[PDB]
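Peer 1: Listed here are the chains, written in short residue letters.
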Amino acid sequence: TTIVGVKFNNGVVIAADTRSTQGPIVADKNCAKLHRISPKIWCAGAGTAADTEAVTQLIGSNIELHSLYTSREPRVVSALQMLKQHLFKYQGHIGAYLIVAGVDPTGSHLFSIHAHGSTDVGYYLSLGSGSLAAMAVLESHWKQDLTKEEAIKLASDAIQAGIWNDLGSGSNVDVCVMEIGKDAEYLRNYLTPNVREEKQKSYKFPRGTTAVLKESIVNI
Amino acid sequence: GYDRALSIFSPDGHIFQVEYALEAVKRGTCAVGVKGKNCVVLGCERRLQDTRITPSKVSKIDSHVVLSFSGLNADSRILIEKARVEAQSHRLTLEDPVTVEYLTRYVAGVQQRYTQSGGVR
Amino acid sequence: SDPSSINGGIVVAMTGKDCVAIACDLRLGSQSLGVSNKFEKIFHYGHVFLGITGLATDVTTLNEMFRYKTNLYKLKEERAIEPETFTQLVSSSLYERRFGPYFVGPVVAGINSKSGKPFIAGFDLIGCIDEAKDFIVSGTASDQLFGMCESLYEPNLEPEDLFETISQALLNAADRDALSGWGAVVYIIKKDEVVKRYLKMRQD
Amino acid sequence: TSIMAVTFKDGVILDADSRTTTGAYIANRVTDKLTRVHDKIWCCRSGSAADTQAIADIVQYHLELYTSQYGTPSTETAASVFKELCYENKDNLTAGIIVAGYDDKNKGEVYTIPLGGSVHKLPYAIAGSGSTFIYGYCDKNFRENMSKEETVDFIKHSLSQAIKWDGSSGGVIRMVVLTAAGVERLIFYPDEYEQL
Amino acid sequence: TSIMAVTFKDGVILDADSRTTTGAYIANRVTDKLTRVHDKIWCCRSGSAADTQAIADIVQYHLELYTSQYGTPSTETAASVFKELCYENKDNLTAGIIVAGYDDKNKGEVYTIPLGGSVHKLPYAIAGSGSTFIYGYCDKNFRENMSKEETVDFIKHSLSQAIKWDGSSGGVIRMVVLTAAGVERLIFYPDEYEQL
Amino acid sequence: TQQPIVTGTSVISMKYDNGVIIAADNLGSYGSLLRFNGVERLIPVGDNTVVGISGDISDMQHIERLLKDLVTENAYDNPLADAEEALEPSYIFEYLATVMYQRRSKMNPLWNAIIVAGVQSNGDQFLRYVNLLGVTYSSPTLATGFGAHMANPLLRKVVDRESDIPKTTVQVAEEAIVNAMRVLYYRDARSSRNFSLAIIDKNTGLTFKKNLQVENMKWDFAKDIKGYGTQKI
Amino acid sequence: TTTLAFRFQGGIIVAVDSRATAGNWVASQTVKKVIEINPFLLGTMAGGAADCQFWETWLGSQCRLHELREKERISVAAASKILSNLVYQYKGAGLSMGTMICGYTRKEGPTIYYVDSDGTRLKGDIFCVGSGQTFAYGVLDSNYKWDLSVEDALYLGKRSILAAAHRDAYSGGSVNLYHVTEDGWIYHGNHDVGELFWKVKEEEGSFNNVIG
Amino acid sequence: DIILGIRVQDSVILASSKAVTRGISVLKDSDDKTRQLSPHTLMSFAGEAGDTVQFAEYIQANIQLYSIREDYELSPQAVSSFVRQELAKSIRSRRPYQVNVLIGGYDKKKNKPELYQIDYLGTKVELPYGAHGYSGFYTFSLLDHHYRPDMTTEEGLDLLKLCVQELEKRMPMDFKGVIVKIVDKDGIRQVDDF
Amino acid sequence: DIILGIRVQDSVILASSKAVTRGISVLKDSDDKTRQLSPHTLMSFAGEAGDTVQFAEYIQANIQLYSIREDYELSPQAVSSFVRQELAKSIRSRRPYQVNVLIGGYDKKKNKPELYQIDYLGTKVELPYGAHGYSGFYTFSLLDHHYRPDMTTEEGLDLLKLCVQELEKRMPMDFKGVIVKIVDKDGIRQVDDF
Amino acid sequence: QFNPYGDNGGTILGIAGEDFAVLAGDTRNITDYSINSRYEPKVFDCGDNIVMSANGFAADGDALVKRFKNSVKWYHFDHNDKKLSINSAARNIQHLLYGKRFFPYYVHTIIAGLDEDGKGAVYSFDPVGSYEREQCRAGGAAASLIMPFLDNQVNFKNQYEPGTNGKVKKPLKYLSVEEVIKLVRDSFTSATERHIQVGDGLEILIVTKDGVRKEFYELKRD
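These protein sequence lines map, in sequence, to chains I, R, J, H, V, 2, Z, K, Y and 1. PDB author numbering puts the first residue of the first sequence at 1, with every later residue one more than the last. Residues 3 to 49, 54 to 127 (PDB author numbering) make up the second sequence, in order. PDB author numbering puts the first residue of the third sequence at 1, with every later residue one more than the last. PDB author numbering puts the first residue of the fourth sequence at 1, with every later residue one more than the last. PDB author numbering puts the first residue of the fifth sequence at 1, with every later residue one more than the last. PDB author numbering puts the first residue of the sixth sequence at 1, with every later residue one more than the last. PDB author numbering puts the first residue of the seventh sequence at 77, with every later residue one more than the last. PDB author numbering puts the first residue of the eighth sequence at 1, with every later residue one more than the last. PDB author numbering puts the first residue of the ninth sequence at 1, with every later residue one more than the last. PDB author numbering puts the first residue of the tenth sequence at 1, with every later residue one more than the last.
Everything labelled a hint here was simulated from the structure, so no lab data went into it. Careful: at least some of the hints might be erroneous.
Unchecked claim - Pairs of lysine-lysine residues, derived as DSSO-like cross-links and limited to a Cα-Cα distance of at most 30 Å, are as follows:
#: 1; chain 1: 1; residue 1: 69; chain 2: Z; residue 2: 108
#: 2; chain 1: Z; residue 1: 275; chain 2: J; residue 2: 200
#: 3; chain 1: J; residue 1: 200; chain 2: 1; residue 2: 69
#: 4; chain 1: R; residue 1: 88; chain 2: Z; residue 2: 183
Said to hold, decoys possible - Pairwise CB distance ranges, derived in the manner of DEER restraints:
#: 5; chain 1: Z; residue 1: 265; chain 2: J; residue 2: 96; range: 53 to 59 Å
#: 6; chain 1: I; residue 1: 192; chain 2: J; residue 2: 154; range: 17 to 23 Å
#: 7; chain 1: Z; residue 1: 258; chain 2: Y; residue 2: 126; range: 50 to 56 Å
#: 8; chain 1: 2; residue 1: 163; chain 2: J; residue 2: 97; range: 50 to 56 Å
#: 9; chain 1: I; residue 1: 212; chain 2: 2; residue 2: 163; range: 48 to 54 Å
#: 10; chain 1: I; residue 1: 188; chain 2: K; residue 2: 61; range: 55 to 61 Å
#: 11; chain 1: J; residue 1: 114; chain 2: I; residue 2: 70; range: 34 to 40 Å
#: 12; chain 1: 1; residue 1: 95; chain 2: R; residue 2: 118; range: 29 to 35 Å
Beta carbons are placed, not taken as given, at the ideal position from N, Cα and C, and that holds for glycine.
Let the hints inform the model, and build the full structure from the sequences given.
Peer 2: Laid out in structure tokens, this is it:
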């Protein structure tokens with residue numbers, strides 16, 4: 001997995017690859033790794049795919065209920081607190097490494113939460129197997145006062161570095177751009193550099209090639 | 003250790019040490035063996055001696071093979087012991103008692119190896 | 001040692017042109033020993049089919065659980081559970097026991113009765129929704145099926161052509177897996193009817 | 001890491017590096033290890049990041065609850081709250097804390113809470129992996145009632161050597177100066193302290 | 001332990017504490033850790049006592065054998081002999097050595113041979129358990145070409161802090177001064193350095 | 001069977017249109033203690049080879065001794081030891097790869113990862129890697145240890161394939177190497193700010209740059225980071 | 077794996093499967109588990125494939141050297157003891173072996189010697205080795221007779237491996253039949269278990285629990 | 001440890017070893033490893049020393065409690081479903097029941113015999129013939145060869161003799177024969193001349 | 001694993017099990033776990049799979065080599081002393097022989113039978129009746145009760161029947177009967193109606 | 001403790017034809033989750049129209065291929081430049097592999113060539129030296145992904161003539177060299193999709209009466 005967050009001059013952009021692996025096998029070639037916690041708070045998770053999906057779904061439920069209770073736009077800090085307190089309660093058994101980014105009435109935010117409940121603030125972050133490859137690009141090219149376009153290019157370029165250089169990362173680049181004044185735009189499959197090529201032959205079997213013992217009609 | 007080539011070719015092609023070993027045999031007590039249709043008879047010639059314990063000429067190598075000899079008596083014990091060990095080793099390794107042909111090839115092989123090894127006569 | 005490999009078995013789901021296919025092997029065993037050649041691993045809860053592989057005790061337990069849950073769902077809702085909704089019901093149920101997990105990999109397959117579009121989804125033993133537009137594999141021979149399905153599968157296969165592709169992927173993957181085989185069953189799921197077929201295959 | 005706290009004439013200065021490492025990899029090189037548990041009570045965190053962050057959050061909640069009910073706490077009370085969490089869970093929370101604070105009556109105070117969960121009041125405290133390399137330097141050079149300028153110069157020299165010799169310590173030097181004038185935050189970059 | 005070697009203007013000074021501990025117990029509190037491997041080549045021993053003593057005995061035998069055949073060895077040669085024994089048996093001999101010596105051409109030289117068996121030529125070297133507490137102090141205070149008096153004062157300050165903070169270091173401070181004037185042995189007792 | 005005690009961190013290198021570049025920092029780490037700072041981990045072997053070594057320093061100094069013996073034993077009874085029978089990078093690598101594998105098979109490894117960078121007599125760039133297990137491979141860019149995860153992603157942008165080598169100049173390759181070293185200093189805990197850089201060019205020969213310094217670092221964004229979340233002041 | 081060899085009036089019938097598995101991944105379907113040591117001696121692979129193949133190939137050279145020296149064909153008893161002695165020298169070193177040294181000799185008749193990695197060496201009339209051995213015994217123990225005709229004996233060996241192939245997950249692929257006679261061993265072909273199962277099911281009516 | 005079961009056209013035949021071994025010696029050679037759950041349902045069990053009988057008697061109480069409560073005999077399918085659930089509950093409990101059971105019964109409403117094999121994990125499978133542990137390694141090859149659905153009880157008993165003889169010949173352990181019980185339309189009976 | 005030996009007034013009776021078990025099944029049920037070391041000396045052995053026969057055949061070669069060399073039959077005492085030495089040498093060698101042996105012989109010069117029990121460590125002891133492993137746990141109580149030095153061979157065989165029957169009754173494993181051999185003044189013979 | 005073995009991933013595939021033999025393998029070299037090189041030749045021409053590849057631990061694969069090439073050289077010296085038969089080469093490798101039985105070459109090797117009658121031959125070796133001639137054999141990480149597909153498309157397993165209701169199997173026909181390359185390319189293209197350790201390129205060495213022919217095809221680099 002490769003995940004990066006890049007805070008720029010008016011918001012924050014998080015990007016991720018779309019490959020999911022079960023050991024050396026690619027179970028899902030187009031997994032969506034960017035998850036909503038609220039409309040303008042988004043989370044990207046590495047490590048165990050189920051826990052990252054499940055933990056964000058639980059916190060996303062509580063954020064919505066708390067937002068309805070307080071009649072306020074959710075704070076990214078509320079998601080961080082409930083998310084880290086939940087992870088800490090389980091003493092790291094929930095192997096969810098997460099980059100939570102979003103915009104709230106108090107500005108744009110970018111945090112990373114580790115499976116044990118530790119958090120850090122940052123202007124650019126990375127998680128997953130491709131973190132070192134992605135962080136090499138972020139270190140080289142990140143600068144203060146990035147524009148939205150520079151940040152999206154930097155975030156995608158950082159993910160590509162993990163895609164090309166990490167075996168656990170590949171396929172496509174997912175990008176979500178959260179800017180302070182406007183809605184969050186989820187650019188699903190922003191870049192698709194790994195489209196498979198045409199097969200050399202067509203493997204359409206002639207009908208009747210398979211031997212059948214009995215045939216039945218199933219009632220619904 | 004000692005590895006001098008005692009057995010070597012004479013200028014006329016003769017290995018004298020081997021020929022002189024034949025002279026030792028011709029000086030030893032005579033043994034005779036004749037085989038008939040159903041049995042082999044081994045006879046021997048003896049040169054205050056105790057017949058009970060003085061070693062006999064015909065020595066069993068196994069329950070079915072007997073080895074008579076002539077020449078240096080002390081050397082015979084070395085061949086016979088080697089033959090006996092090989093006969094028991096053959097059974098232990100192949101479960102079949104040695105054939106008389108097999109035993110003769112081993113004993114002959116041992117005698118030959120001593121005409122081409124260093125430091126042995 | 002590994003609970004998911006004790007009993008063997010494999011399940012594969014494929015999508016076609018307004019049709020879904022889900023197939024499985026019929027072997028149940030105790031490691032090397034093959035016990036039953038009639039242990040079906042595909043269950044249906046209306047128009048939604050669930051193929052569960054893994055530990056045979058957990059496969060049976062989850063069938064009665066999802067029958068219990070889907071039966072109550074249709075009484076309260078007065079309508080059958082759709083494949084997309086059922087996929088989340090399976091996902092949550094498997095996660096509810098993150099620390100006591102079932103050693104099973106389920107495969108959801110069906111056609112949404114309202115939108116009419118094919119649907120197939122995959123899972124881990126703790127409920128990661130692996131929704132795929134092309135095919136889903138599970139079981140001991142997932143390695144064989146992935147390469148076998150990845151090469152044979154092509155988009156928009158007709159129900160007759162989909163049967164040949166999924167059956168051939170299953171038989172050839174099962175033939176190369178020790179713990180899978182002893183016959184296979186293929187369901188061809190269409191918006192209007194479902195056809196269940198038993199395949200002839202090696203019995204060793 | 002390398003965290004440090006030094007009492008001086010006008011108050012107390014908390015200081016720390018900015019590097020956090022997961023093995024050889026520097027996960028974050030600009031971390032802020034100085035945590036505010038109350039307005040004039042700050043703590044330095046060393047050891048497990050998850051445990052220390054959890055403790056700091058709980059201590060801040062307790063001191064916030066204390067302030068609403070019993071008035072502003074003293075640095076001794078904040079260290080006491082830290083001790084209960086660090087001691088009552090010493091088998092689970094691997095946390096070593098330095099608590100420094102300011103109040104008008106006692107001026108600057110420093111409390112160190114090592115891994116065991118005991119509390120020790122000190123004129124100055126040093127902790128973290130990089131502290132071992134400056135035990136001799138700090139002892140020889142620390143003086144009572146130094147000025148703010150002397151203390152900052154003393155701290156810069158101390159941490160520059162802790163950063164120099166410890167792989168798991170480095171980055172920028174972050175200071176918090178707690179005095180009657182308020183809380184002041186200072187940052188020194190490698191180009192400033194590395195060639196001292 | 002705490003061993004140290006410092007090159008200076010007129011030569012090189014070897015120094016060490018006197019304590020050897022087996023756990024908390026001080027087996028011998030007046031040990032002599034400075035070993036003569038040749039007339040003007042001395043080594044400090046840290047780590048396993050059996051291994052370092054065996055290596056020093058073998059190295060002395062080799063350099064004695066070298067001197068009879070090839071003339072007096074240089075400090076580099078003595079360190080080379082140490083490296084072969086420490087490196088070729090690095091899996092067995094847990095020995096860390098500081099080799100310092102004097103010769104007219106090169107003046108004072110210091111070679112440190114850490115646990116791995118590598119050799120490093122240094123202006124000054126510190127090793128032992130107690131050395132970790134004076135890495136910052138020695139780096140800040142060491143100067144090239146100090147006089148004998150300044151070097152001795154520098155070493156006394158350095159080891160007093162290593163002795164202060166390390167339980168496994170203490171006792172008397174034993175120095176050997178290698179110069180053109182010959183070999184000179186100095187001893188400083190706790191009442192002399194402890195209140196520096 | 002051994003373990004490393006004092007170790008050198010990543011060595012990074014890449015081949016450009018006319019030669020190769022190899023860089024390594026001058027640090028020997030003893031655990032987390034940045035103990036030795038004068039360690040030179042690039043070992044020129046003749047005018048056309050540079051051997052960069054990472055890992056155990058004690059074994060590094062052993063390998064450095066073997067290489068100096070090759071140069072000596074090659075000149076024995078060899079009047080062309082400087083012109084037509086000098087040691088090539090390929091000969092030096094094969095010797096090291098053989099030694100590293102032989103030690104491995106004895107379960108007494110040299111706990112090192114070596115990059116042999118040089119230019120063959122015919123001008124072809126040489127850049128090969130070998131580690132304690134005897135595993136060897138070649139690439140337009142090679143990095144050992146921690147640099148394989150951070151330097152290779154950066155160097156590979158410049159020369160991603162064999163066809164990119166002829167379009168890469170000295171200046172582009174050098175800045176890529178220098179930038180990679182800065183990135184390693186940022187995120188590598190066992191890395192030093194000082195490093196050595198060697199350029200082997202088929203025209204200008206070997207250019208060995210010692211005591212190069214990591215420069216133009218970015219820290220000014222650290223002042224704006226406060227706490228780990230909720231903290232505001 | 078499933079390999080069997082049983083003695084009968086017409087000689088020895090050696091039947092083996094052909095499946096090799098690396099875990100649950102069936103690496104091969106057509107492994108030759110019978111090693112043709114000589115025109116007169118047959119081996120059998122079970123356990124360590126490399127150990128059986130290498131040492132029974134080496135054993136053939138030792139048998140050939142015995143031929144050249146003694147000018148008589150080595151006995152099965154001696155051949156199995158040559159292998160058994162060597163397998164014992166490496167006992168504890170990690171060898172894995174279960175094999176039948178099948179041969180027929182004038183002075184000794186049909187002989188099967190079961191040699192395994194422990195150093196064991198047993199003479200017997202019926203031997204089965206491999207994971208599916210218990211299934212092969214079930215068919216043999218009930219249908220085996222000394223007076224079996226060659227045609228009936230070949231089927232019994234073929235049927236015994238089929239039973240183990242059906243029930244054992246690690247057995248199958250194909251059945252390789254060998255017949256050891258007074259003039260050497262005879263290879264009676266490779267029979268696919270998949271095809272054979274349906275053929276056997278219809279003619280016997282067995283495997284009634286299998287639909288088809 | 002031997003537990004065998006064969007379902008024939010008109011009845012179910014369950015055979016179980018008579019031996020009870022505790023460590024060094026055989027304590028008993030006439031043990032009955034079966035419990036009658038209902039007039040037409042019989043349960044054979046094998047497994048750990050104490051778990052087999054504690055579980056079997058606990059199951060028998062619930063089936064008896066159901067029969068008295070509704071004045072109705074549970075079908076063998078329902079009993080096996082109930083037994084499987086308890087094994088499934090226990091396998092992931094504080095102290096699992098390591099018991100493998102065969103449930104043979106006669107369904108008086110479908111007028112068909114039924115044989116169910118359930119292992120200690122809770123893996124219920126209906127078979128024509130079943131066996132637990134290694135007892136199935138020696139017997140399945142014979143049953144696969146000789147079994148036919150339409151056998152009579154006499155042919156089924158003749159087939160068990162072959163299966164038991166093979167176990168005696170090749171299995172190292174001495175299990176002291178078998179007790180054979182037949183579940184028929186008339187109830188459960190024991191064959192004594194076996 | 002059963003190895004029994006009883007010395008009676010005029011002969012030694014050695015009984016050894018016929019079964020050979022390798023893992024899951026019984027390979028052979030007619031194995032002879034004995035080697036004739038001399039015309040009047042017999043050796044029964046038990047232990048690890050391959051060590052028993054490799055050791056026994058190695059011992060037999062040396063005793064045969066001695067007999068041919070001196071044209072003289074070693075006494076059972078000398079053979080047992082030789083066998084004990086080999087076991088004692090091996091127990092502390094690179095790969096010990098884990099073999100337990102019984103050496104029964106007839107001393108033609110003392111005209112007395114002799115039975116020696118030697119375990120894999122090299123513990124030689126002469127007994128009136130011996131057994132190795134757990135076979136002696138079931139049989140010593142009977143032998144202690146019924147043995148008398150002056151029994152005839154017929155009474156000794158009757159006593160072995162009781163010892164073997166007790167082993168069959170109580171010992172879990174099935175050892176497939178015993179082969180009985182008698183070492184007398186006339187040599188070694190096997191009892192076939194046992 | 002030192003682990004003398006590694007795993008550099010990759011996959012090899014040997015297929016024997018009527019008058020040809022192809023030995024294919026991806027050129028990627030990996031360590032853990034990192035890519036060492038994207039073009040590391042894995043299949044080697046060993047002379048006498050024999051192509052050899054050792055997959056698994058690269059150091060042992062290189063050492064074994066290095067030792068076999070040396071064995072071929074001495075065969076020519078000893079036997080007067082006699083061509084080494086594929087079966088003779090296969091037996092010789094078994095002794096190279098089994099010479100280290102208790103410290104094995106942790107590699108599964110495949111050698112392809114033409115037997116003495118001109119038919120394609122493929123031998124596959126177990127790490128400790130068991131070899132058995134086969135029509136096609138994949139080895140390495142993605143063998144399970146590749147091999148089942150080739151059984152279906154080369155050997156026509158589980159395929160029956162339409163309209164015969166499974167009574168008649170599809171006859172095995174002769175696949176030309178060109179058609180096998182399509183199957184090899186699609187096998188490795190499929191494995192590249194679903195195996196993280198396969199990609200960056202495909203190296204195919206075609207052995208035929210004319211000699212050894214080499215082809216390279218690009219694969220996905222992610």
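Peer 1: Determine for every hint whether it applies to the structure shown.
Peer 2: Hint check results:
no., hint, verdict
1, 69 (chain 1) / 108 (chain Z), "holds, 28 Å"
2, 275 (chain Z) / 200 (chain J), "holds, 13 Å"
3, 200 (chain J) / 69 (chain 1), "violated, 47 Å"
4, 88 (chain R) / 183 (chain Z), "holds, 29 Å"
5, 265 (chain Z) / 96 (chain J): 53 to 59 Å, "holds, 57 Å"
6, 192 (chain I) / 154 (chain J): 17 to 23 Å, "holds, 19 Å"
7, 258 (chain Z) / 126 (chain Y): 50 to 56 Å, "holds, 51 Å"
8, 163 (chain 2) / 97 (chain J): 50 to 56 Å, "holds, 54 Å"
9, 212 (chain I) / 163 (chain 2): 48 to 54 Å, "holds, 53 Å"
10, 188 (chain I) / 61 (chain K): 55 to 61 Å, "holds, 59 Å"
11, 114 (chain J) / 70 (chain I): 34 to 40 Å, "holds, 36 Å"
12, 95 (chain 1) / 118 (chain R): 29 to 35 Å, "holds, 32 Å"
Of the numbered hints listed earlier, the single one contradicted by the structure is hint 3.
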